[PDB]
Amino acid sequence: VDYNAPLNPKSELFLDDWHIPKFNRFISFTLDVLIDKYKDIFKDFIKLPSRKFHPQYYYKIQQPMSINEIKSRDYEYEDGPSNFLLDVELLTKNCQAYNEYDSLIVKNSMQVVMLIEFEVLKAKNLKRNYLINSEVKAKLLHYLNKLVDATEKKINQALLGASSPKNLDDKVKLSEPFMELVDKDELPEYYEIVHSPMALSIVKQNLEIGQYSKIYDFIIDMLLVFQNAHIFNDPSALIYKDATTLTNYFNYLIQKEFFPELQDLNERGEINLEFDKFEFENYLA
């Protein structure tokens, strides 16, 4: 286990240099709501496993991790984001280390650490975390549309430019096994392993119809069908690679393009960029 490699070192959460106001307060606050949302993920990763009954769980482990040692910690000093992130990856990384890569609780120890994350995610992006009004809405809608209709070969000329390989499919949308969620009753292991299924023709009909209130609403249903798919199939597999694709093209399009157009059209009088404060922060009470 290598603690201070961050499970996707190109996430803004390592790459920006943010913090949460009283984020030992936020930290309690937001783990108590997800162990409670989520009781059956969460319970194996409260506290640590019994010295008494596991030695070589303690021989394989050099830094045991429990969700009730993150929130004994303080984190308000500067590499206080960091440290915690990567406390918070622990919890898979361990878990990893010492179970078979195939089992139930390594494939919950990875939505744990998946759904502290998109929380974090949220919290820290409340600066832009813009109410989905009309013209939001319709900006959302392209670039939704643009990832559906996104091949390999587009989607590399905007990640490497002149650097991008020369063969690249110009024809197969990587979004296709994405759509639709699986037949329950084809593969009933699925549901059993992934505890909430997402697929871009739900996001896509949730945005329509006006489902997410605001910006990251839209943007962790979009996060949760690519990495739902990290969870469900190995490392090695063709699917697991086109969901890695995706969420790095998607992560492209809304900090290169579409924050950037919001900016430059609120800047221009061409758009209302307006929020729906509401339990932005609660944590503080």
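The term rigid core refers to the maximal set of C-alpha atoms that superpose within 1.5 Å between the two forms. Positions refer to the first chain, counted from 1. Compared with the form deposited in another entry:
- After superposition on the rigid core, the C-alpha displacement between these two forms reaches 2 Å or more for just one residue among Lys43, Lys37, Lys256, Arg51, namely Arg51.
- Annotation for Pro165: C-alpha shift of 2 angstroms or more between these two forms, rigid core superposed.
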Contents of the next structure:
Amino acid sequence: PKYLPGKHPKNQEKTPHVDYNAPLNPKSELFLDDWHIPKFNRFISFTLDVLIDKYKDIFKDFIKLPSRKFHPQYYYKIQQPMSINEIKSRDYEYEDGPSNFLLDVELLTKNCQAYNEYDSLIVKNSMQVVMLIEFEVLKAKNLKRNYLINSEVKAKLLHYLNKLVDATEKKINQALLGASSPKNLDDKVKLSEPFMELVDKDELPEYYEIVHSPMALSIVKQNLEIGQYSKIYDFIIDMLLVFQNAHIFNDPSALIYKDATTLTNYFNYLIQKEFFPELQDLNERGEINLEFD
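For comparison with the form deposited in one PDB entry, produce the structure of the form deposited in another entry.
We keep it simple here and write out only the one chain, dropping partners and molecules.
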């Protein structure tokens, strides 16, 4: 491996200040919607235990606090050290619990990025730790619209998948800015191009060292067909996984990283502004079976 495990300290004179209160994505529905899960503390320990079992070798450097014995200077540079054990020991059953839980979870990557070189296995793993926890929260938060994927829901989800796949810079800006969209924007190149297939293991072996749950749009499409996704949010998470992995792997200045952001925003737009209101419209006129478990 080119990416060796454990810490890779920056060792710089002025270590960056970690803003506890700034969410990684301040526009995330997880921070803007008022939601609470009954018995949130039980949900947290259950969810965190499942994730640790399923992803041991990603979660493992984040379970306990960094060792003061081996890394004493961690405690001089990091103002609010955090771990999964610490999060599990806390009470989040009060009014700001949900967002304090999320900000506590984000500290895991924020601290990691403050202490360690950006391009290191440990940093990319901290990103994935946060991503995966936030995926479970997103699903649970959306219980009341996390309908079973029966035949007609599947057809609707295919429709919006195809629509995203075919989206060009012109289509997206139109949708996202409307009457404020700049003119002369490209209407031939599909932004999804580089997200359709998995990069070859032989041409880019480090991809698979870094990205622990690889996912491509053609695979999401195959999975939807065969019945891998039983609820709407199983499909949504995998879609979000495609673009998020590009944020994990690529440099923030890379054009593919930018396209991943754009396609994430367009996808959220399609789900929130087209797909769910359509399901509701169909439901109100008796045309679709919307159901839970």
